[PDB]
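As a starting point, one isolated chain is supplied in structure tokens, in the form deposited in one PDB entry.
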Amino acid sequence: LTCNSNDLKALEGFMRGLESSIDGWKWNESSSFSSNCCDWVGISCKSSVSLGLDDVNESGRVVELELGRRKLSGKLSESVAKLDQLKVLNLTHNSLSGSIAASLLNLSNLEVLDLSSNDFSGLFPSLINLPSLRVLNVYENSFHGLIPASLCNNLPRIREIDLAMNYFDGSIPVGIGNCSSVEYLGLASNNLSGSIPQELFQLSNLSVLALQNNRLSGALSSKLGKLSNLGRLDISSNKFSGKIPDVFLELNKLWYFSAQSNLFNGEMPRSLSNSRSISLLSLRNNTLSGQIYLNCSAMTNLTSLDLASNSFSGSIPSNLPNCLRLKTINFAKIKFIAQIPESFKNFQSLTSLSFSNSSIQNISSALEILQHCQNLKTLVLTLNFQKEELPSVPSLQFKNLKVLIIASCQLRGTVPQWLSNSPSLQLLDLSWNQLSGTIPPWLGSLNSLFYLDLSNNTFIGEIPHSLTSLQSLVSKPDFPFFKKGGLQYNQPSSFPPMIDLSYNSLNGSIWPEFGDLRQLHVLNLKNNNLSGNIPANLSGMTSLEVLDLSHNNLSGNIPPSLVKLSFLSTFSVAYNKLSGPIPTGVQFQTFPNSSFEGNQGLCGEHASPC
């Protein structure tokens, strides 16, 4: 109940190290807060008698200091090591900088040390005596040089070690094998190089191992089969090489394996094709070759399978619909030059499929097959079927489809009616095709659609009024997408809401009612026949980041009300019939002179004086 005096003096030292005051602590001494550190917020006391301290005084001792997310700036004072009964030290997600005193790695009672997400830098202390420590987390700091070679010599009770997101360098220390009790080891996002020391495979309680994003090299030795309790392994973004060892019968708990973006080659080992455990499998962006083979009788846990961007040859495996839990497939950038097997009509587990840039052919049968997969949510056909004809058959139905992208195929035909059988469409990309006709007004009735890309086609006619009324533009496991370097979008909600009709033949004017779409981030009308006045009411699109009207026939004035778009970063009226003063609002003054070019009668700032 009553703060120990030495503990209080240690906490007072910690306090000066900081550049700002912690609320819930009596700080300045003009503070009206309690002088008893035990009622300070983030501090937990235990009786001296419960800690087995039999001495003359009965006082509260500080066993937990938990300051996570308190917005702390300063150093970490050495005097924190004066608190000898400390069990938990949690400083996570703060601004603290400086080095870590060796003193603090000497505390005998310490159980959790969590320093993560700070500015700590310099070398990590080489002397670790922390015989009570379950958890050591330095994730996300500025530490550099070697991981301590002696790291585990004094950590007999250790459970989680996380060094990830630092500058640590060198080979993983041969002493990493003395970590015997460890379950979690994060090394990812560092400078580590050389081979994996054979001694890593002696850690028999190892459960999760994160090695991704380093320079690790050499083969991946068969000794991996020694870690039989391993459930999750990320080897991604290193440079390893050679065949993948055929150990997967030995790792019977392994549910997660990610080797992507390495130099691996040869065929996938037989045992991996047989794993009864693996759930997520990502091999993408390696040199793997041969005919893809999975025993879907053996593979009863498979859910995410990602082979994209590999050297595979032969046929699309026709037995994959026999993997009963399999949900997502990224087959992108494997060049099959075949069509989709008839048997995919039975894939009822599949929610997401990408054949992007896989040289698939006969789109007519592709859609006829794929409509029978009831659970299809995401379908990416980009860069296939080149020059074929986008089926106009009314019969096709994808009921559950959220995302449809068939882009850059040079497809011919019109926007087909069958697409209306997907009332839940959020995202539609038909861009970069030979598609013709008029954009059908029924698109307006899609109540979930927030992203529409019709760009770089032959469409003609007017923009339909109904787009003005799209419900989701009026008001408000993993399958990465990349947008043409390409930026990565993790799910559909990551794309700014968009209407991109750019690069077509559309005639007509721009409807005033666009001002009703308050959730629209991007409007791209560039490169069309659009004529008439830019409506003042565009001012009402409050969320609009990008407004591109360039290369059209538009006449009249840029409406001064466009100053009310405060989020508008990027804008072009270039090459139109436009005339009059350019709006002087703040966003406009930051637009480049090229945004207004090719309009003779435009004047004011950005042009010749009116």
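The term rigid core refers to the maximal set of C-alpha atoms that superpose within 1.5 Å between the two forms. Residue numbers count along the first chain shown, from 1. First, how it differs from the form deposited in another entry.
A 2 Å or larger CA shift between these two forms, after fitting on the rigid core, occurs at just one of 38, 554, 541, 547, namely 38. Relative to the superposed core, residue 65 undergoes a C-alpha shift of no less than 2 Å between these two forms.
Here residue 594 does not count as shifted, since its C-alpha moves by less than 2 Å between these two forms after the core is aligned.
Core-superposed comparison between these two forms: CA of residue 575 displaced by less than 2 Å.
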Contents of the next structure:
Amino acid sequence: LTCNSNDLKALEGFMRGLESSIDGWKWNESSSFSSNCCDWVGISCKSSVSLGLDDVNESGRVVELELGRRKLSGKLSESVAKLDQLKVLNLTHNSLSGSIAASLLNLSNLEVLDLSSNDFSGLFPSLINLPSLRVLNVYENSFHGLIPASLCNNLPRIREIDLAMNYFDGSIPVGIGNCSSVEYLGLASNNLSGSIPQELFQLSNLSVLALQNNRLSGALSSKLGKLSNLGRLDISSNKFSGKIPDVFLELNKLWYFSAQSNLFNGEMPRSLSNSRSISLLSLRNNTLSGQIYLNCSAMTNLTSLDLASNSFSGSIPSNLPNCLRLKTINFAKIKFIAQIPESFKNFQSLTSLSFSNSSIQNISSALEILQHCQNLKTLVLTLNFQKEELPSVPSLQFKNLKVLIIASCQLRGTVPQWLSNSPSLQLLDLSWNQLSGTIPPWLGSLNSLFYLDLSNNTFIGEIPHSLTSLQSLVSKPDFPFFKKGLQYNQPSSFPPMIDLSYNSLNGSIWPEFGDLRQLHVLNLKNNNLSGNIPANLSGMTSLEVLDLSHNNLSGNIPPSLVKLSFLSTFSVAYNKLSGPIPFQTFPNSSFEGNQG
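What about the form deposited in another entry, after the form deposited in one PDB entry?
Here you get just the chain by itself.
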């Protein structure tokens, strides 16, 4: 309750290292805030008696400094190491900088050091004496150099070591094997290199090992089988090569395994195909090969499977619907040279599916099957079914479908009306096909649709008026997409768009487009459009991109469109237009090919 005087000196030193005052602390000698540091915010005290200090003069001792998200700036003063009873130092998510005093890593009573999300820099101190530390958390800072080779010399109680999102380099020190009690080890997102020292596989209590985003190389040792408590293993984005070891019977707690973007080859180990515990599996972007085999009686926890962008061949496994928890499958860039199995009509757990660029044949059969997966919300068929016909068979219904992408298939046919059976559609991409006919008016009736890519087809006739009444354009999970490659994490990462470009469309642009106030992107380029440009286009308040180029448009560019305050890209190029322009800031390539 009454602040120890030596702790006050120490906290005073701590304040001196800061750029700005902490509210509630007595920052200067002026008796406004109380002088008792135990009264201050972020400071917790315990009596000297309860800490087992036998001093005749009792006092409250500072046991906890909890400063998270305080906008603290400046260095971490060497004086903090003068708080000899400090158990918890939590400075997470502040603006702090400078290097770390070796004195801090000398505190005998410290349980928790959380410096995460700051700007700290320099070498990490090589001598670390923290006999009481449970938690070493430096995640997201600017530290560089070798990980201290002596790191585990004195850390007898260590549970969590998080060095992730820093600049550390070199190999994982062989001494890492002496952190016997460690449960969480993150090294992820550093500069680390070389092979994993065999010594790491001695850490028997390890439940989370995160190595992703480094330069680590060599093989993945069969000694991995020794880390028997592993829940989560992430080796993604490294230089690892060879085969994935067959040790997954031994890791029976492993629910998360990500090896993606490595050099792995060979078949998936059969034990992984039998793993009872595995929930998230991502092997994508390797050289893995063979027939894909999954034992669905065994893998009852499997919820997400990403084998994409691998060297596998053979058929699409027909037993997959029997993995009854499996909700998401990314099978893209596996060259099946096959049809989707009929059993897929029974895959009722499936919510997300991508066969993109997988050599799938017979879109007719494929869709007649997949319509029966009642929970399917997203489907990616891009780059398959080359030159085939997009079936108009009316009996097709994808009821819960949110996202439908079949692009760059060169598909013949028209926009099929059975798509109106997907009333909750958010994203539709039919682009880069051979599609013909007119653009169906019922598209305007889809109240959740914010993204429509019809571009690069043979479409003729008018722009349907209903598009100007599109509700989501008028008014206000993991398996990412790439746009042709820029990554988008979910459907809503795509800004609302109408792309009708590279068709034969005719008629004019409707004034009612000005009703679409949530539209970010309108691309009408390379059509046969005629008439004027409505002044009502000034009504689309969210418009960023408007490309009318390569059309037959005439008249004046309405000065009113100057009212579009977010408009970042504008092209009227290669039309026939005349008169003044309101906007001096758009390049000439935007106005060129007009006369006037």
